[PDB]
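Down below is the structure, laid out as structure tokens.
Note that this complex is displayed minus one protein chain, with the remaining chains in position.
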């Protein structure tokens, strides 16, 4: 169970029950709880422990979550910097 | 847009909000840089291998995706061109 924080603003990533995604500085929020699931091909999946939906980036650049286990948009690569 | 790298040190020229100026090898936008906890150390980017977009948290609290991997504070425009 991991948290995804944007060091910059000091904000954590959050997937709300309605499927909307935003950033909060409220560390006492269960919705900022994530789990990184492998894919065998190096890639991973970003899924909320609570809501249980997977994180996707729409083609038009908008971001939300769907519990659809099948959709290459939830495919993510973690690139160390 | 264009980037200005000192081929010598490989550093990029940057203009900060306060008006101060310096160089840095950090080519990427801090708003697309996340830290995974509980693990500490390191700094990672999160790219949707599908659309090739990066995950970004904006100061206002909003979240979206973008292919603009680079820091806007090192992106200059040459006029009149």
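Think of it as A and B in the order they're written, each chain with its own count starting at 1.
In this text, a residue touches a chain if its C-beta (ideal position, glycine included) is under 8 Å from a C-beta of that chain, and two chains touch if they have at least 3 such contacts.
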| item | value |
| --- | --- |
| Neighbouring displayed chains - absent chain, whole complex | B |
| Among B:38, B:40 or B:80, residue touching the chain not depicted | B:80 |
| Residues from chain B at the interface with the omitted partner, ascending | 1-9, 11, 13, 15-17, 19-24, 72-73, 75-81 |
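Note that only the chains that are shown with their structure count from here on.
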| item | value |
| --- | --- |
| Separation of chain A from chain B, taking each centre as the mean of its C-alpha atoms, in whole Å | 20 |
